[PDB]
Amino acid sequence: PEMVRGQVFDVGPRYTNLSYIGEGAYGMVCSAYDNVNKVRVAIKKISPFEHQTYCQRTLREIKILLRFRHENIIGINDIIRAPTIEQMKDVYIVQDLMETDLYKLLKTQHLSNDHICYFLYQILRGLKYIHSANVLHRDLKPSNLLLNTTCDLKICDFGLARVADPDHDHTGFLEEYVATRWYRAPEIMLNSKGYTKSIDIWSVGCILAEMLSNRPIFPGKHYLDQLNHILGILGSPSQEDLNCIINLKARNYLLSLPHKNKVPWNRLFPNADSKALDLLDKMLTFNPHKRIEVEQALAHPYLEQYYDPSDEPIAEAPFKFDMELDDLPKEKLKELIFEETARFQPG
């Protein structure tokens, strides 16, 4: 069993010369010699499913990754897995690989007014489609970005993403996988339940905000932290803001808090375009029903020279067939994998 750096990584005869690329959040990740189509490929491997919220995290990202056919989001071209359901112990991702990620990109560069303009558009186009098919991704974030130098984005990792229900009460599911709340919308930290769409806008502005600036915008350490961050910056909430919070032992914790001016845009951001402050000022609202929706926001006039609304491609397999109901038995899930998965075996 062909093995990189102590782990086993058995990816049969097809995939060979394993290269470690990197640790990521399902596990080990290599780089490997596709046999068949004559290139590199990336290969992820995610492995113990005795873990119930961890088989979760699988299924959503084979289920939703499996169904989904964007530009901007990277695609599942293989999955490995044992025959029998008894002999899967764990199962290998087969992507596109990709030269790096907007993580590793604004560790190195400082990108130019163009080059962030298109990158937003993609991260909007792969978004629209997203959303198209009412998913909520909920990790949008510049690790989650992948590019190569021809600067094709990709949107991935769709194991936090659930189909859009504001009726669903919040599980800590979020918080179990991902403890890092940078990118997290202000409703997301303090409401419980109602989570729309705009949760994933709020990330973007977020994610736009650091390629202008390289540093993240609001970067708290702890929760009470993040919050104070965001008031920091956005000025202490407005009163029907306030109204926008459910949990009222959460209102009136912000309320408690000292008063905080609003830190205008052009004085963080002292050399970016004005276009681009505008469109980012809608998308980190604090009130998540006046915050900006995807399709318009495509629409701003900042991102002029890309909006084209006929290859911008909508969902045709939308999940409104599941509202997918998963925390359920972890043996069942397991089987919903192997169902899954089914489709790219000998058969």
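Only the largest set of C-alpha atoms that superpose within 1.5 Å between the two forms is called the rigid core. Numbering follows the first chain given and starts at 1. What changes on going to the form deposited in another entry:
A 2 Å or larger CA shift between the two forms, after fitting on the rigid core, occurs at just one of 268, 98, 246, 116, namely 246.
In the core-superposed comparison between the two forms, the C-alpha atom of residue 320 has shifted by at least 2 angstroms.
Taking 2 Å as the criterion, residue 25 counts as shifted between the two forms: its C-alpha moves by at least this amount when the rigid core is aligned.
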Second form
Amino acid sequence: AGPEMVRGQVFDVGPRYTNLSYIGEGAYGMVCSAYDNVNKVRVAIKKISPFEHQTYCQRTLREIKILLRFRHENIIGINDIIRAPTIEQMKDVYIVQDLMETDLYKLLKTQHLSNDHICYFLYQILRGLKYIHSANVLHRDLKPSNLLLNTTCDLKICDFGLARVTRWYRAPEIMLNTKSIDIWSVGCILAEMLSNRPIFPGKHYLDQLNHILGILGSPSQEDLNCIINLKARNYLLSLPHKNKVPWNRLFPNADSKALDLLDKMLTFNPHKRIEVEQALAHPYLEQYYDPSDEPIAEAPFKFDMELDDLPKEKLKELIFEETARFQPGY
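Given the form deposited in one PDB entry above, what does the protein look like in the form deposited in another entry?
Left out here are the partners and the other molecules; the chain alone remains.
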């Protein structure tokens, strides 16, 4: 037989996983769907090739430990991990996850969402985020392609590769210098569900700022009273005045409760931005909000080691150890 190959990438995941097809990619790897001949369903297999770069090694170890600890309906998990039987041979890691049918990015390219569906998707994003944040974890890269959907509108957040204890979805703080950065991203996603287009599609860093200011209007002095990059501050002060554009002009036929929540998520000042529990409790989400049925994590997630300080080789060792429990005869 042999090991299978997909678009230039070896996928050494047989014999349990076969019939592979491309379904996505990342900076240092690729995702395929595959047939699992044990559970008799198709799965997703995420191949990661990180070991040349320390940063990639850090993220890979964070992603694995986070996801193996988390357990939540609106969060992608890990069912299996494949890697070589010896550390000298381990060049790749294969993370096996539940297969989802599509993502919100694709959905928004092809479909108009009803207000009820927007409401329901927003609720599930926030319910999952509430769990994440309750563990004192930040996702940091929420965007429509990281929101997976199955046939029945169940939603799951994926790609925890940037999790810690994308320009269009990037909060102003990030560019002008916390859980509030995920809230900003969710705001951008809500706006995108409302109009089927990204609200702040900047082509570069400066242009991103101009797009935000183009809607929010010139920042107040309180908005600028904070630690801020000098270049950014000087740049913003060099700009002419910008008027605030009212949400109901940008989104003429949107539910007014949806816009009220949007306004609170897309607040320039992170300290004034709505937090996830308040967002779930907002009137827009009344029909789904159910604090009886919104799990939080038992304890805040913490790492025992300073991953930032460790050399690649030590991290690779840790990855080898973390993944050992999935090896046969363990």
